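Let's start with one chain on its own, the form solved without benzhydroxamic acid (BHO), as structure tokens.
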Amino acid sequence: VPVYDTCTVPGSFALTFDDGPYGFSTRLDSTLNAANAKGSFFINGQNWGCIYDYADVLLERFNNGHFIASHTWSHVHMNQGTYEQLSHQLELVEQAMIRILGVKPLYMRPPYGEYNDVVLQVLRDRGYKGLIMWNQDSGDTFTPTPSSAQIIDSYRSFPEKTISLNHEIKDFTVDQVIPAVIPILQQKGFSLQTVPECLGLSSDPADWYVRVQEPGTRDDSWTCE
């Protein structure tokens, strides 16, 4: 399983978001969609909300050509887990995407950027095609936290082919940073692409997932409890 941290397509730029969806996601996606920009989303199952409660956002996101990938179920320190626990951690997210969207993800990003040989082996055994890291950090979860103005200014110097880490769970990222930096990056000639496209893999969204079955309808199984 390859590890990726930088784009390869010239002029490309990957805005990525961890820990979502969240109560600001419809706003974020509206902002991206209005600019024809595509985001990359590494979602949790049960961390800042139960993924099943975000089904409507996930569906809009999925059908609008944004990249959705796994961030584990419980946002675990993956280096402290056994093969079996990590497989369960991935499986539970797969199951939620199968029920809501009809598909399994083919990519993932480890929480805290922590991974080891056992993680890569589980990814390989479970059919994943890549582990996606990053090469620039917005800082939006640093503590103390940079101001929006400071984060926006850092984005003015991120070079082409950046894979940028952001977090959907920070209100100022959705409401201040991303509305300001989309024009900065697009106006200077960068193409705001998903991670798979920016890596020269496919730009067709269907290639980022495994079709499993038709999406389900909400029933009593759509729960993190």
The other form holds:
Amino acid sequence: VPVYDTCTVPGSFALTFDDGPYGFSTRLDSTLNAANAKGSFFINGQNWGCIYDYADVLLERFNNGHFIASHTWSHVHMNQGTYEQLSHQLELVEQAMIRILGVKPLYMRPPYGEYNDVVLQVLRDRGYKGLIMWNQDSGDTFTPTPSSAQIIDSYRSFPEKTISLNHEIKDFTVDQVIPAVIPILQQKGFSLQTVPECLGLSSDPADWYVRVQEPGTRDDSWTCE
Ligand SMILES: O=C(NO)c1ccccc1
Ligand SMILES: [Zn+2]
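In place of the form solved without benzhydroxamic acid (BHO), output the structure of the form deposited with benzhydroxamic acid (BHO) bound.
Below: every chain and molecule of the assembly, starting with the one above.
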């Protein structure tokens, strides 16, 4: 399976967000949507909330052309898992997206940026088309944590074709950084694209997923316990 860390489309720039959705996600998506900016979201199943409790955010995200991909169910250190454990960690997110959205993801980003040959083999066997890394880090999960002003200033020098790592579980990323950096990036000539579009893969959201069935209605299986 191919590993990607840099866009190829001239002028493109990928704002990417890990570990969500979360309690500020509706705000984040409204900010992106108001600027016609597209985000890439690498979601968990049970980590900072249960994915089924975020179904409405996920549906808005899906239907507005944002890119949704897997970050594993439980945010595991994948280099420590067996083939079978990793397959389960991916299957569980696939199943949630099948229930909520009717589709399976074709892409994923490994927690901690940690992967190996077992990870790549599981991805190949499960039909994934790509493992998505990054090439610039906002620092929003560094500890001690930089200020929003520091993060915004770092964004002023991230060049074209950046795939930027952010975490939507950080309130200041949603409330301070992204509202400041969208105009910085758009006004200097960058196109805020999803990762597949910026890689010269398809710009059609339907090509980022495999349709399995019609989206489900919420029932008692929409649970993480
Ligand atoms: O899982 C992660 N981000 O979503 C991660 C964690 C540590 C370092 C780099 C990335
Ligand atoms: Zn993560």
